[PDB]
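Sharing a structure below in structure tokens format, with a few things to ask.
It is the complex with one fewer protein chain than it really has, and the rest are unchanged in position.
To keep things simple, chains are lettered A, B and C as they appear, and every chain counts its residues starting from 1.
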């Protein structure tokens, strides 16, 4: 499960995978508790929408979702696709994810105003248009 | 104090001031409690750094600081200065904050990829280079 | 009472989630 996911996104820490997995479990548990609130509770609609909007802002949900959609759409992979080298590859800035890891590690890459040299940096939706070369 | 902060920064509700004031008190209480952990406690060091990094990323802190600086540098006004109208005025994009409020509410302003029409929106450090006309 | 406790539990879990994602997308 992991080694495949870690393979397709060129993740070398087994620990990165376990953090993303716990976050998926966190979101699941949070949606379950929200769904167990009284449906007459205005807190439930509001905090369900807070969680949805947050996952949009992270780019973890790329499509309009309901709370029931979260089991399908919220996966370790959806988080992995947010890592800076995978983003770079999708933007065509690097031929391969492995080349993007090297570009990032060697200091060639900037997101917004910041030099990022950590390939585990997750690119939010606000930032995904602002990946640039330092050169 | 509430009335004067609102006037300086053209805030039209009384509640944004209290939101910012509680946040300033959250930061002070958090910094006091961190200082009560042992100086050698790695948790304290990690969480002091995270807190400093967060206030830098918000632009609330504009200069390299330490936890002992938080008492002074973290004010309601330092938060107010992050509101989109104030940021625009400081960038010279509007002659006045009131002008900026209008540009914003009328849909003329984008921050990063998003149209922002709420003058209470806070511009993080990441976003402040990316306020553009529509 | 029970409703406030249910709300507080959700607020702590969501804040913790916001915190975890924030650490991953910040320098």
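We adopt the following convention: a residue touches a chain if its C-beta (ideal position, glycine included) is under 8 Å from a C-beta of that chain, and two chains touch if they have at least 3 such contacts.
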Contacting the left-out chain in the complete assembly, out of B:29, B:45 or B:90: B:29
Option touching the unshown chain, where A:5, A:23, A:30 or A:61 are the choices: A:61
For chain C, residues in touch with the removed chain: 11-12, 14-16, 18-19, 22
Missing-partner contacts on chain B, residue numbers: 19, 23, 26-27, 29-30, 33-34, 36-38, 41, 43, 47, 50-51, 54, 58, 114, 116, 120-124, 127
Touching residues (missing chain, whole complex) on chain A: 53-54, 56-57, 61-64, 125
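Operating definition for what follows: only the chains that are shown with their structure count from here on.
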Pair sharing more residue contacts (C-beta pairs) when A-C is set against A-B: A-C
Where chain A and chain C are represented by their mean Cα positions, the distance between them in whole Å: 18
Distance between the centres, which are taken as Cα means, of chain B and chain A, whole angstrom: 26
Per-residue overlap in chain B, given as positions that touch at least 2 other chains: none
Multi-chain contact sites of chain C, meaning residues that touch two or more partners: 27
